[PDB]
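Input: one structure, supplied below.
Missing here is one protein chain; the remaining ones are kept as they sit in the complex.
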Amino acid sequence: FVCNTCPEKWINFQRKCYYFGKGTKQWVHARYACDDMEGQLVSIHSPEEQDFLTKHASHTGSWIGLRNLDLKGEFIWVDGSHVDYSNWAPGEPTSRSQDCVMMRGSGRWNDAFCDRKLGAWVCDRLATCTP
Amino acid sequence: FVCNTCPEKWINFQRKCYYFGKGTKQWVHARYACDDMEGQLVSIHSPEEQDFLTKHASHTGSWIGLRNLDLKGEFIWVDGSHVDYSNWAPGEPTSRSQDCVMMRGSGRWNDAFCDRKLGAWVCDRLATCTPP
Amino acid sequence: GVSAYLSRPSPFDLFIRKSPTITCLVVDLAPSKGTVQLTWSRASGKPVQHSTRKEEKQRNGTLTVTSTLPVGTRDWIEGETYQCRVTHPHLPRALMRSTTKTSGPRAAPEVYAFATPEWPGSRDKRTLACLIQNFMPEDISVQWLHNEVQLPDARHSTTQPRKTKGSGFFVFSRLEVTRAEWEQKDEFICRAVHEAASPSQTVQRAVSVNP
Partner (left out) sequence: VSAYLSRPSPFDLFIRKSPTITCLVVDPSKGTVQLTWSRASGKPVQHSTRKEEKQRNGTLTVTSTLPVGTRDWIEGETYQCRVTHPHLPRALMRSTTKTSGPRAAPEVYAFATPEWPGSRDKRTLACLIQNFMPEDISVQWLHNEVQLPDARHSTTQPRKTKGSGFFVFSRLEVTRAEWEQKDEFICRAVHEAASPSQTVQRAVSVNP
């Protein structure tokens, strides 16, 4: 069984498939948009996955699936898994507040306010297997 | 020298002159009305003075010149003089609001709120003397 | 005349109880026939959970109607905007109110509890005061405890959040206590639930009547 089949307007990479959406949306509105497309906000756990995303991501700025429940204090992905691999920008994670994570055109991660309106977001779902 | 001459609509008694006004007015508005008539709110210092007032006062209720600066808490007349003679009603002076003084139809004094609207007030001024 | 107000959920209901609720209060100073009608909508366009409408006629002669809408814990914290449309038949314009999470800097609150001495004529009753200061944003939950169990909300009075000389906010809490209360247990806890409070959104201080 091979996992490579992916839907229309989505791009394949490894055991996942990825969608790169365009339009003015907040972090929460991007999360709802991913659920509407039968997926969730992108979760990065390997440097190979990050490298693929940088090649297709918006040069302006994109939203990712990393956040904190505020009750926790530590960053936890939308799927539930903890942070094992971290590609933070110099000085990040910023403690200006004490928040959400966005991906720059360079591929580095930076802390941003949830109400901030970005023109890009990345959706992710598991790739369907072939007999 | 004799002090008995008094103006029109005013009544004479001893060395003073007295006016008995009719109309809806608060304690402060009665005080201003007294000044407008070249007098001041009534000041009682003798039982003879009180006896004359009861005979001419309104049966409903009238305003007098007794008050307190709030800073004192002590009752002092509008002219400035202290209380020597007291004709308070049973229980009065009350400490309900811990106020101003009004005269009943009976002649006795009772505490009342300043904003209370009464239909009567008493003005008083020194009677003009006549040549010897 | 008419006015509409839309509230945010209390940090106790948001962080501790894990069931947050937002209330839309509409004070109709000239009640009339028909009804007001309170529409609920999200900025996303997604459906809303069932709201509880509560209409009471006050002693002054005004109708007070409150619609308490339940919201998602993760949905509120993540920055979802909740809108409320109010449409009276005796009104030209439809009043719209919108509320969302206050996105800005964070500061942990500083709790200080105090006990008043015995005043002449007041022996069987004493007053307990609490100062909860330097915290941001303004949203805070102030609670009083006796025998490790919470005291009713009507028993105490908490001030509106006012800005401090620095950057934070300050709130005062007043709780009157009976002789039977301090004699059973001479300890009164003042709890404070806040967004930035650590650990687990709780900052509290104990106080005693004559220790």
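Each chain gets a letter, A, B and C, in the order it is written, and its residues are counted from 1.
Everything below uses one rule, namely that contacts are C-beta pairs under 8 Å (C-beta built on N, C-alpha and C of every residue); 3 or more make two chains touch, one makes a residue touch a chain.
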Checklist outcome for this item: Among the displayed chains, the hidden one touches B, C
Item to check | Hidden-chain contact residue, picked from the options B:2, B:28, B:126 or B:129 | outcome: B:28
Checklist outcome for this item: By the document's definition of touch, the residue of C:45, C:117, C:199 or C:211 touching the omitted chain is C:117
Checklist entry - Which listed residue (C:131, C:145 or C:151) would be found touching the missing chain in the intact complex? => result C:131
Checklist entry - Please identify, in ascending order, the residues of subunit C that touch the omitted chain? => result 110, 112, 114, 116-117, 119, 127, 129, 131, 133, 157, 159-160, 162, 164-165, 170, 172, 174, 176
Checklist entry - In the complete complex, which positions of subunit B touch the hidden chain? => result 26-29, 31-32, 67, 69-71, 73, 96-98, 100, 113-115
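We take it that only the chains that are shown with their structure count from here on.
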Item to check | Chain centre separation in whole Å, for subunit C relative to subunit A (CA means) | outcome: 35
Checklist entry - Which integer distance in Å separates the CA centroid of subunit A from that of subunit B? => result 87
